[PDB]
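J.: Once you've looked at the hints, dock chains B, C, D, E and F with the ligands against the given chain A.
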Amino acid sequence: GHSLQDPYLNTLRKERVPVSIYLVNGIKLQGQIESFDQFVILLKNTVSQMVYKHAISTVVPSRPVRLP
Amino acid sequence: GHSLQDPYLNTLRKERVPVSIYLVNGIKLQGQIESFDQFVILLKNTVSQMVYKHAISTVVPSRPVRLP
Amino acid sequence: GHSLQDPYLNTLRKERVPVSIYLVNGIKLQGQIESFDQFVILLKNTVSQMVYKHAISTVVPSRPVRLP
Amino acid sequence: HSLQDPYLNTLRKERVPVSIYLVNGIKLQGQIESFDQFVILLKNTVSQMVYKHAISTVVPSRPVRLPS
Amino acid sequence: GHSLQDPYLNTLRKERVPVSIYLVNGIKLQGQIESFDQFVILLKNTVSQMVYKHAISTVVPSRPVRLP
Amino acid sequence: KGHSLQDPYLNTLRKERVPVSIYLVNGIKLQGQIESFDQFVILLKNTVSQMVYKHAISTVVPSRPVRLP
Ligand SMILES: Nc1ncnc2c1ncn2[C@@H]1O[C@H](COP(=O)(O)OP(=O)(O)OP(=O)(O)O)[C@@H](O)[C@H]1O
Ligand SMILES: Nc1ncnc2c1ncn2[C@@H]1O[C@H](COP(=O)(O)OP(=O)(O)OP(=O)(O)O)[C@@H](O)[C@H]1O
Ligand SMILES: Nc1ncnc2c1ncn2[C@@H]1O[C@H](COP(=O)(O)OP(=O)(O)OP(=O)(O)O)[C@@H](O)[C@H]1O
Ligand SMILES: Nc1ncnc2c1ncn2[C@@H]1O[C@H](COP(=O)(O)OP(=O)(O)OP(=O)(O)O)[C@@H](O)[C@H]1O
Ligand SMILES: Nc1ncnc2c1ncn2[C@@H]1O[C@H](COP(=O)(O)OP(=O)(O)OP(=O)(O)O)[C@@H](O)[C@H]1O
Ligand code: NA
Ligand code: NA
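Chains as they are written, first to last, in PDB author numbering: chain A, 4 to 71; chain B, 4 to 71; chain C, 4 to 71; chain D, 5 to 72; chain E, 4 to 71; chain F, 3 to 71.
Next comes chain A alone, as it looks inside the complex:
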């Protein structure tokens, strides 16, 4: 399920970790995860934007992180 995606995203959110989100088309977004639900992530940095999960390849934290 999301039995893993969620605590991971939530850990990045809670602790305000800088991340790169890579999109399926190769576009790289940077920021902190402000919030998220089942389908979108709200990314904040130089401009705030709502990102669709279905368009995301990877989420890469800038530092190692406690895992579920």
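By construction, these hints were calculated from the structure, which means they are not laboratory data. Cβ atoms here follow ideal geometry from the backbone N, Cα and C, with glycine treated the same way. Be careful, since some hints might not be right.
What the hints assert, rightly or not - The calculated label-pair distances, taken between Cβ atoms and stated as ranges, are:
#1 D/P71 - C/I30: 35 to 43 Å
#2 D/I30 - A/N13: 37 to 45 Å
#3 E/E18 - A/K47: 48 to 56 Å
#4 E/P10 - D/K17: 19 to 27 Å
#5 A/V20 - E/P67: 50 to 58 Å
#6 F/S6 - B/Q33: 27 to 35 Å
#7 D/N48 - F/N48: 39 to 47 Å
#8 C/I30 - A/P71: 38 to 46 Å
Said to hold, decoys possible - Away from chain E, derived, C-beta distances all over 12 Å, residues of chain F:
#9 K17
#10 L32
#11 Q33
#12 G34
#13 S38
#14 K47
#15 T49
#16 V50
#17 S51
#18 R69
What the hints assert, rightly or not - Which residues of chain C face chain D? A few of them, derived with a C-beta cut under 7 Å, are:
#19 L26
#20 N28
#21 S38
#22 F42
#23 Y55
#24 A58
#25 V68
T.: Frame of chain A; chains B, C, D, E and F with the ligands shown alone:
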């Protein structure tokens, strides 16, 4: 669920906030959200059009949105 | 849910409005919506072709259209 | 699938020559030999299985009776 | 519903038929169907690699195959 | 057959810690070890553990063959 996506689109809709919508294929659409449902967004501006969510990567508001 | 997509496509259909349908790969199709269901749209012209909704980015009517 | 199935079944049973445009822009030609919910067997020189998720459009070479 | 895909893939597996698998991105994989489930295919050659179906456009056997 | 192949296959690569290559839909090649996975994502370990959406993966390729249970 859609606990985040929906109040976010509704606030954009209600406050007529100009948005940029970036499609998975890199095309940028521009305008205001007239309405939406689970699967599509109705975008009005110089050009009015129905946009399938599955083709959307990000929604970038022209100014930040305060959620309820 | 479908509260917008259905009445929007049904209106375009009943009114025989010429539409531009942009595919996810950038290609543009033009014609009239002959019919549609959950997964496909039948686009009328020289022949009526079947278009999977999953392959569509946007539907753009040639003229402004209301949905009373 | 109230439209897709009778439409593909007409194409199959009348052995109508078709074009299948894929989401990446590749164009396949042949005839529909069989299909189910997820795949179409496209028949020709070499026959092949096409995933509907990779199809953008299905374009018959001639007009065909339309499901009503 | 799966009355084509399963028996097609299973015939290709049982008979160890050389196949080409084309991905939506243009990549051409070659080998033989080792096993498959609802979502992935195990494609044997130098190692058995897991191919996600959603990434596949077509499956093309190296020779014709009689179905059950 | 549901996930009767994908789960044990990924589980094998996880438990045996076999290095894999994960190719993305856009051609990009990621490399590391499968730390864990759920229905939707795979955690890929190297410098940091990045999260890979399955919907963006075309293939997972083990650096060396392995066997299913
Ligand atoms: N974890 C990842 N997921 C998806 N794509 C990635 C990832 N890491 C790198 N890429 C992409 O792979 C390509 C090659 O990576 P490389 O490290 O050479 O790029 P880079 O110079 O670091 O650029 P960037 O800082 O934008 O990643 C780049 O287009 C990059 O954006
Ligand atoms: N927030 C975003 N989400 C997804 N894709 C984006 C985003 N911002 C830019 N891109 C993509 O990155 C590519 C690089 O273009 P760039 O961002 O430099 O132009 P731009 O700053 O958007 O210009 P303008 O603001 O005038 O549109 C664009 O093709 C665009 O599709
Ligand atoms: N409303 C839209 N939705 C999705 N894609 C679009 C839309 N409008 C244009 N495009 C695509 O984006 C690309 C660049 O857009 P641009 O602003 O140049 O439109 P255009 O090329 O003048 O339109 P046309 O191709 O009809 O002349 C075009 O190839 C077109 O296919
Ligand atoms: N029904 C369709 N579905 C998807 N793409 C199409 C369709 N018809 C044409 N195209 C694409 O539109 C582009 C422009 O088509 P144009 O009418 O200029 O040439 P064409 O005669 O359609 O070429 P062809 O049919 O050989 O692809 C081509 O790249 C073609 O692949
Ligand atoms: N299993 C695979 N899944 C998806 N893409 C692949 C795969 N193998 C190769 N590619 C594509 O090939 C390009 C580089 O080729 P690569 O070195 O990965 O071939 P290879 O698989 O090592 O060949 P061989 O199977 O002969 O060892 C990458 O951009 C990648 O997109
Ligand atoms: Na990149
Ligand atoms: Na094309």
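J.: Evaluate each hint against the coordinates.
T.: For each hint, the structure was consulted:
Between D/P71 and C/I30 the CB atoms are about 25 Å apart, so this pair departs from the stated range of 35 to 43 Å. At about 41 Å, the CB distance of D/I30 to A/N13 agrees with the hint of 37 to 45 Å. A hinted range of 48 to 56 Å holds for the C-beta pair E/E18 and A/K47, which are about 55 Å apart. At about 20 Å, the beta-carbon gap between E/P10 and D/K17 stays in the expected band of 19 to 27 Å.
Separated by about 55 Å at the C-beta atoms, A/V20 and E/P67 satisfy the suggested range of 50 to 58 Å. Restraint check, F/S6 to B/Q33: a C-beta distance of roughly 47 Å breaks the suggested window 27 to 35 Å. Taking 39 to 47 Å as the suggested C-beta distance range, the pair D/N48 and F/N48 conforms, at roughly 45 Å. For C/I30 and A/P71, the Cβ-Cβ distance of about 42 Å falls inside the hinted range of 38 to 46 Å, so the restraint holds.
The beta carbon of F/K17 sits about 16 Å from the closest Cβ of chain E, which is more than 12 Å, so the claim that it is off the interface holds. Against chain E, the non-interface label of F/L32 holds: every CB pair exceeds 12 Å, the least being about 14 Å. With a cut of 12 Å on Cβ distances, F/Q33 stays outside the contact zone with chain E, its closest approach being about 14 Å. Taking the minimum C-beta to C-beta distance to chain E, about 16 Å, the non-interface status of F/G34 holds against the 12 Å cut.
Consistency note on F/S38: stated as away from chain E, and its beta-carbon is indeed over 12 Å from all of that chain's, at 16 Å minimum. Distance check on F/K47: its Cβ is at least 18 Å (rounded) from any Cβ of chain E, clearing the 12 Å threshold; non-interface status holds. For F/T49, the shortest C-beta to C-beta distance to chain E comes to about 24 Å, beyond the 12 Å cut-off, and the non-interface label holds. No Cβ of chain E comes within 12 Å of the Cβ of F/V50; the nearest lies about 24 Å off, and the non-interface call holds.
At roughly 20 Å, the least C-beta separation between F/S51 and chain E is larger than 12 Å, which holds for a residue marked as non-interface. With 12 Å as the threshold on Cβ separation, the claim that F/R69 sits away from chain E is violated: the shortest Cβ distance comes to roughly 9 Å. Below 7 Å, beta-carbon pairs count as interface contacts, and C/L26 has one with chain D at about 5 Å; its hint therefore holds. Restraint check, C/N28 versus chain D: the minimum CB separation of about 5 Å is within 7 Å; hint holds.
Interface restraint check for C/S38: the shortest CB-CB distance to chain D comes to about 6 Å, inside 7 Å, so the restraint holds. The interface hint given for C/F42 is met, as the beta carbon of that residue sits about 6 Å from the closest beta carbon of chain D, less than 7 Å. Satisfaction of the interface hint for C/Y55 is found here, the shortest Cβ-Cβ separation to chain D being roughly 6 Å, below the 7 Å cut-off. Look at C/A58: its Cβ gets to within about 4 Å of chain D, closer than 7 Å, so that hint holds up.
Contact between C/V68 and chain D, as hinted, is not supported at the beta carbon level, the nearest pair being about 22 Å apart and thus beyond 7 Å.
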